[PDB]
Amino acid sequence: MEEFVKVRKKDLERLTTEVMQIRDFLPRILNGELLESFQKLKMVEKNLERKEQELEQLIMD
Amino acid sequence: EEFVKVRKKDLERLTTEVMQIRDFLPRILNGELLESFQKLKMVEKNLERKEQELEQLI
Amino acid sequence: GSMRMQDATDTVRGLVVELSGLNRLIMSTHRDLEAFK
Amino acid sequence: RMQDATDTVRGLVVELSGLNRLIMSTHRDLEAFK
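Chains as they are written, first to last, in my numbering: chain A, 1 to 61; chain B, 101 to 158; chain C, 201 to 237; chain D, 301 to 334.
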């Protein structure tokens with residue numbers, strides 16, 4: 001048969017607890033909102049660059 | 101403090117998965133996520149400011 | 201002996217499945233950010 | 301003799317505990333921003 005190892009019961013229970021906390025909270029950070037924020041930042045940066053270049057090319061004083 | 105038994109190969113699989121989280125999770129969860137959110141709010145306000153500035157000039 | 205240990209293999213197997221899926225989410229998210237940045 | 305893997309499991313608990321701290325602190329940072 002396939003070999004067994006032994007583990008103190010309470011230490012396995014701790015491992016279970018820690019695994020389930022990752023289950024609970026990791027998807028509340030890792031989701032589409034991270035990429036969307038980076039994509040949105042790059043878009044506004046280019047629009048700010050194009051709005052600063054319009055002010056730099058303007059003769060107004 | 102009693103023991104439970106677990107098939108050795110299954111515990112090896114669990115260790116492998118844990119080590120993969122160790123390896124890659126800090127390469128996403130770091131200060132660059134919050135920095136991206138903060139920079140976005142800063143550049144958005146600068147864009148709207150320079151949008152109104154150009155409007156009052158042309 | 202007369203006393204035997206409880207078999208917690210199926211609990212461990214469930215944890216493996218859970219973590220495997222969390223690793224799929226980590227890798228896909230990391231690659232998404234990698235592909236854009 | 302059945303091998304005792306308790307210390308291996310204890311090491312995994314320390315590792316996952318630290319990863320959970322990172323998850324919670326990152327989540328709270330993003331929560332506070334918005």
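FYI, nobody ran anything at the bench for these hints, they're computed from the structure. By construction, the Cβ of each residue, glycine as well, lies at the ideal position given by its N, Cα and C atoms. Do not rely on the hints blindly, as some may be mistaken.
Derived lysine-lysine pairs resembling DSSO-like cross-links, with alpha carbons at most 27 angstroms apart [stated by the list, open to error]: (1) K9(A) - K334(D); (2) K10(A) - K334(D); (3) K139(B) - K237(C); (4) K334(D) - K145(B); (5) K108(B) - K51(A).
Short, incomplete list of chain A residues facing chain C, as computed with Cβ under 10 angstroms [to be verified]: (6) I22; (7) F38; (8) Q57.
| request: Verify the proposed pairing of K139(B) with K237(C), using a straight-line Cα cut of 27 angstroms. | output: holds (15 angstroms)
| message | Tell me if the straight-line CA distance from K10(A) to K334(D) falls inside 27 angstroms. | response | violated (39 angstroms)
| said: Would the hint linking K108(B) and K51(A) be met if the CA-CA limit is 27 angstroms? | reply: It is violated: about 63 angstroms lies between the C-alpha atoms, which goes past 27 angstroms.
| Status of the hint placing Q57(A) at chain C (closest C-beta pair under 10 angstroms) | violated (30 angstroms)
| said: Would the hint linking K334(D) and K145(B) be met if the CA-CA limit is 27 angstroms? | reply: Between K334(D) and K145(B) the Cα gap is close to 16 angstroms, so the pair holds against 27 angstroms.
| request: Hold the hint about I22(A) up to the distance rule: shortest CB distance to chain C must be less than 10 angstroms. | output: holds (6 angstroms)
| request: Have a go at the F38(A) hint: is there a Cβ in chain C nearer than 10 angstroms to its own Cβ? | output: holds (6 angstroms)
| Within a Cα-Cα threshold of 27 angstroms, do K9(A) and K334(D) meet the stated pairing? | Status violated; Cα separation ~42 angstroms.
Checked against the numbered hints given earlier, this structure breaks hints 1, 2, 5 and 8; the rest are met.
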